Amino acid sequence: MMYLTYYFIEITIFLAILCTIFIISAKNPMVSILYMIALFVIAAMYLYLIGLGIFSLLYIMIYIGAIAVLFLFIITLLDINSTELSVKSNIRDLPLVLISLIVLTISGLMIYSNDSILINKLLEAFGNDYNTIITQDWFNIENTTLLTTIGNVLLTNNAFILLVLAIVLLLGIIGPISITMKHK
Amino acid sequence: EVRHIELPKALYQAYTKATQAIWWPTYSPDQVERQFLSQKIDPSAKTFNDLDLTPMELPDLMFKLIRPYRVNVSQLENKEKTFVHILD
Amino acid sequence: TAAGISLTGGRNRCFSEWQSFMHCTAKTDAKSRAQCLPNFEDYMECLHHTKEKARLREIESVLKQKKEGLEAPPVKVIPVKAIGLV
Amino acid sequence: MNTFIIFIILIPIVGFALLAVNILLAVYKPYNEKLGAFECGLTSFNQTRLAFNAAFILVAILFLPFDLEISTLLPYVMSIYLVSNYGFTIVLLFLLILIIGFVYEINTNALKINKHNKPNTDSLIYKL
Amino acid sequence: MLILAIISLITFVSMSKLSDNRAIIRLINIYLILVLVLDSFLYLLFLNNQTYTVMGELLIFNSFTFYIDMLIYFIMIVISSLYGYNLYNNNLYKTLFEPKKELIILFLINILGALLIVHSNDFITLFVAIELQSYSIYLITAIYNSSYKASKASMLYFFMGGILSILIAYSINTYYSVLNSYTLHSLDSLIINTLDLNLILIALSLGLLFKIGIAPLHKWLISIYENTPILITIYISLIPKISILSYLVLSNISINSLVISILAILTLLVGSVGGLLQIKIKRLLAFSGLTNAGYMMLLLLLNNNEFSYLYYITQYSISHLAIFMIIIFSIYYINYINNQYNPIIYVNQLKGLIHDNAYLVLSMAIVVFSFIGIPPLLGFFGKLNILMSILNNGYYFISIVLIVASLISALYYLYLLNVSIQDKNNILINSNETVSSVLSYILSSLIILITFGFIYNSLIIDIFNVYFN
Amino acid sequence: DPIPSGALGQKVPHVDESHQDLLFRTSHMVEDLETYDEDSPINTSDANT
Amino acid sequence: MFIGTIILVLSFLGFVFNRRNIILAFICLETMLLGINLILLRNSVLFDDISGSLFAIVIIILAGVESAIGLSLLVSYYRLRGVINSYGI
Ligand SMILES: CCCCC/C=C/C/C=C\CCCCCCCC(=O)O[C@H](COC(=O)CCCCCCCCCCCCCCC)COP(=O)([O-])OCC[N+](C)(C)C
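From first to last, the protein sequence lines stand for chains 6, E, 9, 3, 2, C and L. Under the entry's author numbering, the residue at position 124 of the first sequence is numbered 124, and the numbers go up by one with no gaps. FYI, the numbering for the second sequence is 283 to 354, 360 to 375, going by the entry's author numbering. Heads up: take any position in the third sequence, counting from 1, add 1, and you land on the entry's author numbering. Under the entry's author numbering, the residue at position 5 of the fourth sequence is numbered 5, and the numbers go up by one with no gaps. Under the entry's author numbering, the residue at position 322 of the fifth sequence is numbered 322, and the numbers go up by one with no gaps. Heads up: take any position in the sixth sequence, counting from 1, add 29, and you land on the entry's author numbering. Under the entry's author numbering, the residue at position 56 of the seventh sequence is numbered 56, and the numbers go up by one with no gaps.
One chain only, chain 6, in its complex shape:
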């Protein structure tokens, strides 16, 4: 229990690293799409672990149920050529890959800090050695969950954003028809 169940988040992180590497290294691009589906299941696992199971279900519904399905549909209908990962083609990238890995990872951990000193900026990243104290109160009498609150703000406080999104979806219809259909 405890040992496994304490490091569930860390396991999801390790699996995510492995899944990304497998996406990039796959011989068949269909296999790459399947590893992308695996990565999305791992992301849903992480979101459940941090308390957002509704986003787990939404991600499964939309990114696997719709986007990955479209991916597979397209690779099935279309003639794709792909080359395999090899030293002759890809060892030339290793120096730049290593420098970029270190620089981008460190900077992506440092952008979150507010300390003036750069080394302290990086050090704060690994600085959660403490547990959060979860406490109760009794001020919420309604049964309001994340989905309900999202509906509440999206339809009232930010209604304009919803209507603009309607225009964006209109684009997602009109555009594909404009460039995939030949009129007359």
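Bear in mind the hints are in silico, worked out from the structure with no lab data behind them. There could be a bad hint or two in this list.
Here are the simulated DSS-like pairs of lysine-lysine, each with C-alpha atoms no more than 25 Å apart in a straight line [claimed, not checked]:
| hint | chain 1 | residue 1 | chain 2 | residue 2 |
| --- | --- | --- | --- | --- |
| 1 | 9 | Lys-68 | 9 | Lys-54 |
| 2 | 6 | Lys-184 | 3 | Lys-118 |
| 3 | 2 | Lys-100 | E | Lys-368 |
| 4 | 6 | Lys-182 | 2 | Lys-100 |
| 5 | 6 | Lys-184 | 3 | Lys-112 |
| 6 | 9 | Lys-54 | 9 | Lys-67 |
| 7 | C | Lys-40 | 2 | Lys-351 |
| 8 | 6 | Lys-182 | 3 | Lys-118 |
| 9 | C | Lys-40 | 2 | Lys-219 |
| 10 | 9 | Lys-67 | 9 | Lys-52 |
| 11 | 3 | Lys-29 | E | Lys-346 |
| 12 | 2 | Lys-149 | 2 | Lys-219 |
| 13 | 6 | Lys-182 | 2 | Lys-17 |
| 14 | 3 | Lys-112 | 2 | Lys-100 |
| 15 | 9 | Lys-77 | 9 | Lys-67 |
| 16 | 6 | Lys-182 | 2 | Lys-94 |
| 17 | E | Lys-368 | 2 | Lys-149 |
| 18 | 3 | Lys-115 | 2 | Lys-17 |
| 19 | 2 | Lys-17 | 6 | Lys-184 |
| 20 | 2 | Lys-149 | 6 | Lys-182 |
| 21 | 2 | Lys-351 | 2 | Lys-424 |
| 22 | 2 | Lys-100 | 2 | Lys-17 |
| 23 | E | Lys-346 | 3 | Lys-34 |
| 24 | 6 | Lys-88 | 6 | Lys-27 |
| 25 | 9 | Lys-77 | 9 | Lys-65 |
| 26 | E | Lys-368 | 6 | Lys-182 |
| 27 | 3 | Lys-112 | 2 | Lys-17 |
| 28 | 6 | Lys-184 | E | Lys-368 |
We have chain 6; now place chains E, 9, 3, 2, C and L with the ligand onto it with these hints.
Structure of chains E, 9, 3, 2, C and L with the ligand alone, referenced to chain 6:
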């Protein structure tokens, strides 16, 4: 690429002896024993020649014999341009 | 805007500090605005607990550097099954 | 360890057990003729990918925007009382905008596969 | 008005035949003009620089945004005229310039995205608007799908713009992770002093700025400009640049930034020098756009930039429209049509244009000298205002680099005029078909603005003093 | 008839249908100076036919 | 925030150093967006603030529309050439 592993004779003989416990045929301990024996032709024995026969060659036959297990540009692009790929 | 709204439609975790800082900024001007530095500090503290983590690091460093016993009402961890037992 | 998680673990186990039983008990004798793809008893030549119609692409592509439209109504149905009349008006406007796109799709005949060959209707005329 | 036009157009175009295309565009053209002249009076709202937050603080309306919206309307009117009106009535021109069925809708949706970027007061508004404009622009780049170059350009645009959209999204989310806010309005002088936001805000600035193609990420957009149909290129090289630059000017998130200073210098150098060896007209104009983007990038380093930015962007938009229209008009006089999407490709094809149409070459001369910055043309006053702004704020080395870049880019600007005033052996005697009255009047109005607009300089400053102070 | 020069007086091509040949497609050349035109009406004659 | 950050960085590197096929580029785009959303949702939980989750929902909808348009562009590109090269762009 066919995968080859070399193992110590004791370990592999133990494995083959263990696997003899299942009901379907499986590599024998005695076949592991024979793996250390190379073919020895009797100096005085009749051969294919005495039957007026000429054995075929393994290299020439292998492709035919193994066909079901086979794995599977510049001009092609230009030629592809002339064809139709999407329709009504 | 959804600023100030929690995951349940109430006020988010750090709303109080933010509201007191906004009261400060509303009462002052650009020249006086630095007078509101403590409020903003408190706001950022609530957001990120940086000073709290520093203070805990100090206390834990001194705790692990002590062989003398501790005599104070302690904290006890129990299984979720054992909530209310005995 | 509630019933939910145990059931979800148990299903794949049973699938794998049935697969294992089939592997363990059935014979396995591949050979070249058996390994051929079944196409009515004959063999066909390998071909360049078939040219497909655009409606095949369009159904799958248009699934995604319509699916997102439908799924964006989940926050509304979970918040209908809270947003009551204001949000009802807003959701009506949102639906009408998406219906304009449905209208575009319907009037352009975007998912119709047209039979390319049609009967000839020209008159027969003789130059006397 | 814009949203209404988009809805009505989708319905009407759905019920219309491909032969109605130009007619439909004409309708929308006049509609836009009407909105410009009947709804103009709303400028009064912004007297004494009154600012309005709108839509639950999602949008911001002031005199700056109102002016940018008027400018974008005017640009849309000019560009839609080029699709609604035939230059000539012969078969070749029908083949060269025919509007697609859905192009007008894509233009109007892209304009909506641009105007929403300009008015964005919250980061969620900014991201939705940016993706609206980006997706529209990809579809506009792709809609001429018989062209190999256009389809390849659309793919390149999709991928590079997607990477930059991801950079913008990541910037916004880091800002949220530091401040628990999505609005720049929460930034105060005290907050800027207390926290280091520079890396976050510069990441946002760079994500926005690489989307209009500043150096060192300039070649991909220049390739897209070269490889699109010319009437698409006129639109897609102008509107995004205006929207993104206007948002950054109004946001003022990079004041005295060292990184922006260095990238602006690099952009001026790359734009001036890299235009020198170009032989294709659209590549030359793309490097010109890069240099003028560097000029405007300089204004992101200082406060109180509104007058110089508005002046520069207005005169630059006018000149960009004029030069593309002149190139389009010259197609009738060239010997060799390269293809149906880009009828004219090489600068050398303009050789001897003065003997075929002298006043077209006079228009070209005026526009070229405005780009160079000769007084009293509008370009001179744009550059003068920018120099006043940067020297008031201590950017001395950058002012010298600006002078040097101006001199260098003058060479490739003069290339056009130079070939255009040489001699050609077989010159035009007569032709029965006249170019369209509408488009010639529009081009002439642009030329006259470039030539005589300076007469209104002091009047303009007087009005600016009461609407922006 | 005089050879075209560019903005720096460098040699510049003259273009007409000659540059859409067989041996000048797939030429190694920077996009700024490349003259082969894959949308040219003489290379796109039977496309998707 | 570690898992989102690692996913984003590795997806970006896969996109950049992709020299294999165009589908990998599409996938790397999608997964970079996923990583950004993960970072955002963790911060939303830690602040107990609905703004992060609202932005994440909008990100999901926009990723859907972007996928639809990107694949339409790919199909239109395929229509003229009949194949996608391992440099197909
Ligand atoms: C009867 C309705 C007709 C109105 C239609 C307007 C369409 C705009 C289309 C294209 C833009 C072209 C330039 C707009 C002129 C700026 C006016 C202004 O003064 O700009 C100021 C702000 O100055 C600035 O920042 C600097 C502007 C830089 C201008 C650079 C070009 C100068 C050359 C122009 C010469 C004028 C030609 C007159 C011909 C006799 C805003 O003025 P405002 O916001 O208070 O609005 C005016 C009241 N209005 C709505 C009724 C018109």
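Going down the list of hints, with the structure as the test:
1. Of the supplied pair hints, the one linking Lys-68 (chain 9) and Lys-54 (chain 9) holds, its CA atoms being roughly 24 Å apart against a limit of 25 Å.
2. At roughly 16 Å between alpha-carbon atoms, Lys-184 (chain 6) and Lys-118 (chain 3) fall within 25 Å of each other, so this suggested pair holds.
3. Taken as a hint, the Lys-100 (chain 2) and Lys-368 (chain E) pair is honoured in the structure, with Cα atoms around 23 Å apart against an allowance of 25 Å.
4. This hinted pair checks out: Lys-182 (chain 6) and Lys-100 (chain 2) have alpha carbons roughly 10 Å apart, not beyond 25 Å.
5. A hinted pair counts as satisfied when its Cα atoms are at most 25 Å apart, and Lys-184 (chain 6) with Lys-112 (chain 3) qualifies at roughly 13 Å.
6. The straight-line distance between the Cα atoms of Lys-54 (chain 9) and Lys-67 (chain 9) is roughly 20 Å, inside the 25 Å bound, and the hint therefore holds.
7. Distance hint between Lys-40 (chain C) and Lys-351 (chain 2) is fulfilled; the C-alpha atoms sit about 15 Å from each other, no more than 25 Å.
8. Only pairs whose Cα atoms come within 25 Å are accepted, and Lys-182 (chain 6) paired with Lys-118 (chain 3) is accepted, the gap being roughly 19 Å.
9. For the given pair, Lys-40 (chain C) sits about 23 Å from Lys-219 (chain 2) by alpha-carbon distance, which is consistent with the 25 Å threshold.
10. The straight-line distance between the Cα atoms of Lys-67 (chain 9) and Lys-52 (chain 9) is roughly 23 Å, inside the 25 Å bound, and the hint therefore holds.
11. At roughly 18 Å between alpha-carbon atoms, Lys-29 (chain 3) and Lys-346 (chain E) fall within 25 Å of each other, so this suggested pair holds.
12. Taken as a hint, the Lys-149 (chain 2) and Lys-219 (chain 2) pair is honoured in the structure, with Cα atoms around 15 Å apart against an allowance of 25 Å.
13. About 13 Å separates the Cα atoms of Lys-182 (chain 6) and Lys-17 (chain 2), which keeps this hinted pair within 25 Å; it holds.
14. Taking the CA atoms of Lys-112 (chain 3) and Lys-100 (chain 2), the gap is about 21 Å. The hint holds against a cut of 25 Å.
15. Between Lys-77 (chain 9) and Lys-67 (chain 9) the CA atoms are separated by roughly 20 Å; this keeps the pair inside 25 Å, and the hint holds.
16. Of the supplied pair hints, the one linking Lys-182 (chain 6) and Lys-94 (chain 2) holds, its CA atoms being roughly 19 Å apart against a limit of 25 Å.
17. A C-alpha spacing of about 14 Å is found between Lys-368 (chain E) and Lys-149 (chain 2), which places the hinted pair at or below 25 Å, so the restraint holds.
18. Distance check on the hinted pair: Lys-115 (chain 3) and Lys-17 (chain 2) sit about 21 Å apart at the alpha-carbon level, within 25 Å; holds.
19. Pair hint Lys-17 (chain 2) plus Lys-184 (chain 6) holds up; C-alpha atoms about 8 Å apart against a cutoff of 25 Å.
20. For the hint linking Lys-149 (chain 2) to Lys-182 (chain 6), the alpha-carbon distance of about 19 Å falls within 25 Å, and the restraint holds.
21. Between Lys-351 (chain 2) and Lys-424 (chain 2), the direct Cα distance comes to roughly 7 Å. Compliance with the 25 Å bound is thereby established for this hinted pair.
22. Using a Cα cut-off of 25 Å, the hinted pair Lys-100 (chain 2) and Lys-17 (chain 2) holds, with the two alpha carbons roughly 11 Å apart.
23. Proposed proximity of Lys-346 (chain E) and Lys-34 (chain 3) is supported: the alpha carbons are some 16 Å apart, at most 25 Å.
24. Between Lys-88 (chain 6) and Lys-27 (chain 6) the alpha-carbon distance is near 16 Å, which keeps this suggested pair within the 25 Å criterion.
25. The hinted pair formed by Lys-77 (chain 9) and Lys-65 (chain 9) meets the criterion: a straight-line CA distance of about 19 Å does not exceed 25 Å.
26. For a cut-off of 25 Å, the pair hint linking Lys-368 (chain E) to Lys-182 (chain 6) stands: about 18 Å separates their Cα positions.
27. Taken as a hint, the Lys-112 (chain 3) and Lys-17 (chain 2) pair is honoured in the structure, with Cα atoms around 17 Å apart against an allowance of 25 Å.
28. At roughly 23 Å between alpha-carbon atoms, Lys-184 (chain 6) and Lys-368 (chain E) fall within 25 Å of each other, so this suggested pair holds.
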